[PDB]
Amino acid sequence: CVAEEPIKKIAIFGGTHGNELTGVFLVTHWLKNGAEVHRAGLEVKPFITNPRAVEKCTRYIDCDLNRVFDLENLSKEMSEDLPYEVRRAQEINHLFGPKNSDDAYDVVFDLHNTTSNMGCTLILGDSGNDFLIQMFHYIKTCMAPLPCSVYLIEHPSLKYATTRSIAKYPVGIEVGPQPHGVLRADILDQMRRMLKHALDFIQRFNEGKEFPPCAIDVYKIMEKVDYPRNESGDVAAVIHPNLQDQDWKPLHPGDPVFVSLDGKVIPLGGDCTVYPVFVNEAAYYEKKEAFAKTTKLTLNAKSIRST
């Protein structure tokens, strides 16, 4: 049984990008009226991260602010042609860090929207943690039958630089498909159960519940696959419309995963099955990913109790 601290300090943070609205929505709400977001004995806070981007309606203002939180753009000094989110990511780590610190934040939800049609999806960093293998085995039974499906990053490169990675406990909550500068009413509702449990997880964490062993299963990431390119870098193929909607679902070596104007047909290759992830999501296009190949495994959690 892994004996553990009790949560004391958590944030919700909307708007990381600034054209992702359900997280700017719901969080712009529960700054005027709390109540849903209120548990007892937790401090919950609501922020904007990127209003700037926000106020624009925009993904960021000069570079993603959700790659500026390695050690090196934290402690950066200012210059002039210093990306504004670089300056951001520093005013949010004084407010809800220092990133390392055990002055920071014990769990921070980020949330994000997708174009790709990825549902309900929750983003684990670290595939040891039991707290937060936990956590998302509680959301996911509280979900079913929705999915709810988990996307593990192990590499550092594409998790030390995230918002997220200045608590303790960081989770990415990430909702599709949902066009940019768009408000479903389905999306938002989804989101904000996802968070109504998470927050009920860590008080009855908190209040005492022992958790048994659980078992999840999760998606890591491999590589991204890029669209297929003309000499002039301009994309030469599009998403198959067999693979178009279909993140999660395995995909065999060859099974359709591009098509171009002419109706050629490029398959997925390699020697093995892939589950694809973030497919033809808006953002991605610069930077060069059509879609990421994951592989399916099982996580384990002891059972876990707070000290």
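Residue numbers count along the first chain shown, from 1. Take the two forms, find the largest set of C-alpha atoms that superpose within 1.5 Å, and that set is the rigid core. What changes on going to the form deposited in another entry:
- Summarising the superposition on the core between these two forms, the listed residues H112, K159, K140, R88 contain exactly one with a Cα shift of 2 Å or larger, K159.
- Once the cores line up, the CA of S79 ends up 2 angstroms or more apart between these two forms.
Okay, that one was the form deposited in one PDB entry. Can I see the form deposited in another entry too?
Below you will find a single chain and nothing else.
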């Protein structure tokens, strides 16, 4: 049985990538009128993390703002050649951190959007975080039967740099599919419902509605699969129709994954059935990720309550 102190400070970040509109829209709204994210006891703080990128409806200025929160860049000396995102990340790590410190904000919900058919999705940066497993189980249960998938991205060899990683309790709230630079009312309503059930969880966990022991089904990142590309640099094939929009559904070695304009079909291969996520995401053409391979498993969580 775990026992944690009451959560006090909550920051909801929108606009880390200025062209993923949903997060922008809500933070704009809430800042204006904060009744929707008001909860007694909490100091839920909505905040925009890239006005410049949002103001021009673009993803980033110099570099991805979600890749520079590694202490390495946070403790970098200030200059003029300094990337904008860095000049902004250092300010963020100062206002809502410092990263890994008793002063660090308690919870940061960083809102994102994807062009892939992923549906309601939650991101966990630690399979050993019982508080977050309980929050996620609570969200899935409350939103049922509307799915709210959990993407587990943990292995410390690739988990250590994000805007929300300064949070004593970080949470990624992905929401797609949605073309970047577009606002779909349906996606806005879903992102809001996810946040509605999460912020409620925090006030309840406080009120003493101690939670029973339980686990959740999650998708654990295995590895990213790039696009086969010509000796040149540009891709030489396109996501197979049968795979298109099929995030989360098991893939088998012989199932078609890519197809060239000539019509050749490239199957999955390998010897194991995997689950595809972030299939055909626009922002990832440059990161070299046609989709990410993950493994499906269970994560138990000890019963929890507030001190």
